[PDB]
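Every protein chain of the complex appears in place save one, which is left out.
As written, the chain order gives the labels A and B, with residue 1 at the start of each chain.
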């Protein structure tokens, strides 16, 4: 494993709303829950910014995280991400927030504590470009 | 390379519908074909769940797969994924199914055997969180 610092920004996290955790030993992603005080209505085509109540600090520049829709919410309810895929840089230390976009024709309710996205830690490579007149092998 | 077990769930696979395979030695992804008996109409804004007739077993918890739209279908026809990006965990052993979403204003026909998404195997990192009051270096 790799250690990632997490700062709890809302006292509900770790009490009434669990920290993110891997469901199984074989899970690639961590479900991300929303930290809100009352149910949030998401109308068809609406985008709403939803706080998680946590911040992470990846720190290692060879690692990033991506935030993806949940498969069931996306397929069944059209509850996806307004920016489609979120990218979390190694030096990002702000609260994780979810751009929740309803692409469906049905109104949707997000309840406090609901899982609405997933977080996946991936290795990344920082490239150095070499400007060339023609590509070579 | 890395060995990934594949189970054929539909006898058409490997006969009339090819197994997924890399197009070139430099390909990052594998096109995923649909295993259906007749053409499937996908109306504007419709989401349909399309079977592939295969299951995979990645097994290695340091590896995952993502399922992405094809670039031409997505750009030209608006034929993309209802959950935008699929994430396949290392311990997932069910049939691969595609959430096919038509985001365009044009009706689209999916024929038996058509490639409609691509599969990419990526390394993933399982993080262990350290809850901190303030981030440190």
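Structural remarks
Here is the rule we use: a residue touches a chain if its C-beta (ideal position, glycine included) is under 8 Å from a C-beta of that chain, and two chains touch if they have at least 3 such contacts.
When you scan A:21, A:23, A:43 or A:87 for touch with the missing chain, the hit is A:87. Within the full complex, the residue among B:15, B:25 or B:38 touching the omitted chain is B:25.
Touch with the chain that is not drawn comes from one residue among B:85, B:110 or B:116, which is B:85. Listed for chain A, the residues touching the missing chain in the whole complex are 45, 47, 49, 59, 61, 64, 81-92, 99, 101, 103, 122-137. Contact between chain B and the unshown chain involves residues 1-8, 14, 19-20, 22, 24-30, 55-57, 59, 63, 68-75, 78, 80-81, 84-85, 93, 103, 105, 118, 120-123.
Just so we're on the same page, only the chains that are shown with their structure count from here on.
Each chain gets a centre from the mean of its Cα atoms; for chain A and chain B, those two points are 20 Å apart.
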